[PDB]
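In the form deposited without its partner chain, a lone chain appears below as structure tokens.
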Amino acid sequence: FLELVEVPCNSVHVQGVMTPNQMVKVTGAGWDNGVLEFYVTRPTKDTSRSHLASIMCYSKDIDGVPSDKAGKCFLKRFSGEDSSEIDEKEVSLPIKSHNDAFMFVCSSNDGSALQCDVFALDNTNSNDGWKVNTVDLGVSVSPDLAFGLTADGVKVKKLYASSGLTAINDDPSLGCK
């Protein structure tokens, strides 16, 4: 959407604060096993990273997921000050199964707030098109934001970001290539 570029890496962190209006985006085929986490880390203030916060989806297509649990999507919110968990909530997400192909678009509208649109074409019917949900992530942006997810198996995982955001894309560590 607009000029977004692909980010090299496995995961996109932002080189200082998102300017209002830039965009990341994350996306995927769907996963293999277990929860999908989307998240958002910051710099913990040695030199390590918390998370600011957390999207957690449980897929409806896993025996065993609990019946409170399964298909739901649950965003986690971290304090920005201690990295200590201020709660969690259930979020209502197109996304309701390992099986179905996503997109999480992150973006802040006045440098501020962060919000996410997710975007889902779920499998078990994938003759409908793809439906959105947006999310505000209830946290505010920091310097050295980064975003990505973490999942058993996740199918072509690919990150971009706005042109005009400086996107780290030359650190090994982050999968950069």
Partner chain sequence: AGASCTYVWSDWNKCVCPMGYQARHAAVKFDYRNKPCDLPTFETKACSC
Contents of the next structure:
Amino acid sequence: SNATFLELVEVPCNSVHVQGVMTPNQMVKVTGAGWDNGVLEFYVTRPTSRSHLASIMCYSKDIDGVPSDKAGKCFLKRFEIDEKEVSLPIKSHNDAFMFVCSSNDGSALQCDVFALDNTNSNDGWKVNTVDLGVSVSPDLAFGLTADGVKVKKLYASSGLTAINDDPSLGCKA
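For comparison with the form deposited without its partner chain, kindly provide the form deposited with its partner chain bound.
Next comes a single chain, given without company.
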């Protein structure tokens, strides 16, 4: 492991590529203070290049042009298997957000999704747990695909090993 006691290690790259399996009680974390435009997509990929495994897509309620049947809603895409709406606290690109994903028992992959209203920051975070409908497997990768994510930060708990020196993943040289 990478620490005597559990801590979250910042990943100096554009995504978190876990080496090995997602051990129970370990987690990967992605945070941001908001984003600029378009949809916010939190994605999970697996080997075999690589392929998408699951994606959470959140549409802002504060962006002109977003269809009314999508505005302020989040959707879970699985691979494609299907797409379905999920109840998450992220409503706007002006919201701060946190994704904390883990395996509850070595099989199911789940994420705690947090949202904070930047106009009422003293009110704290609202949280919902969403099951990603997929099972964990070796060498999963986590990241964001969005336009202008503000103060994007990535973490991996110290019992996990994430790639931190690959320039192909945007890792700082």
